[PDB]
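Trainee: Start from the sequences, fold in the hints, and give me the full structure.
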Amino acid sequence: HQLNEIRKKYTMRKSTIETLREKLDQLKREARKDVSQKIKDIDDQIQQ
Amino acid sequence: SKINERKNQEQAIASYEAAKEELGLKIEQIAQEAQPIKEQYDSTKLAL
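One line per chain: the protein sequences are A and B, in this order.
Counting from 1 along the first sequence, just add 705 to a position and that's the residue number in the authors' numbering.
Counting from 1 along the second sequence, just add 768 to a position and that's the residue number in the authors' numbering.
Think of the hints as simulated: they come from the structure by calculation, not from any bench.
For each residue, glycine too, the CB sits at the ideal point set by N, CA and C.
Please note: incorrect hints may appear among the correct ones.
Claimed, not checked - Selected chain B positions facing chain A (in silico; Cβ < 10 Å):
| id | residue |
| --- | --- |
| 1 | 772 |
| 2 | 776 |
| 3 | 779 |
| 4 | 796 |
Claimed, not checked - Mimicking DSS-like on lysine-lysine, the simulated pairs with C-alpha atoms at most 25 Å apart in a straight line are:
| id | chain 1 | residue 1 | chain 2 | residue 2 |
| --- | --- | --- | --- | --- |
| 5 | A | 714 | B | 775 |
| 6 | B | 788 | A | 743 |
| 7 | A | 728 | A | 738 |
| 8 | A | 714 | B | 770 |
| 9 | A | 713 | B | 775 |
| 10 | B | 770 | A | 733 |
| 11 | B | 770 | A | 719 |
| 12 | A | 738 | A | 719 |
| 13 | B | 806 | A | 728 |
| 14 | A | 743 | A | 733 |
| 15 | A | 728 | B | 794 |
| 16 | A | 743 | A | 728 |
| 17 | A | 745 | A | 733 |
| 18 | B | 775 | B | 794 |
| 19 | B | 788 | A | 733 |
| 20 | B | 788 | B | 775 |
| 21 | B | 770 | A | 713 |
| 22 | A | 728 | A | 713 |
| 23 | B | 775 | A | 719 |
| 24 | A | 733 | B | 775 |
| 25 | A | 728 | A | 714 |
Mentor: Below, the structure written as structure tokens:
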């Protein structure tokens, strides 16, 4: 069971990298959305 | 997994708070140095 727990720790490391990948995906999505909104707002302010 | 996510988020928040405190001191000193420049500009404008 300790060896199985070590395999579970490896799977948990894979879960942590999956959590990292989902966090990177959400971070990139929020970052692109905010940067696009900010660029549009800055362009609108510059046009005004 | 959620405790680890919260821990890294809390570490980022602590880094942001430390940056906020140091940046607040930096802006305070920058304003203190900038005020004489504004006074010199006003005196130069009045002389001109």
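Trainee: Which hints from the list above does the structure break, by number from lowest to highest?
Mentor: The structure conflicts with hints 3, 4, 12, 13, 15 and 18, although it agrees with all the remaining ones.
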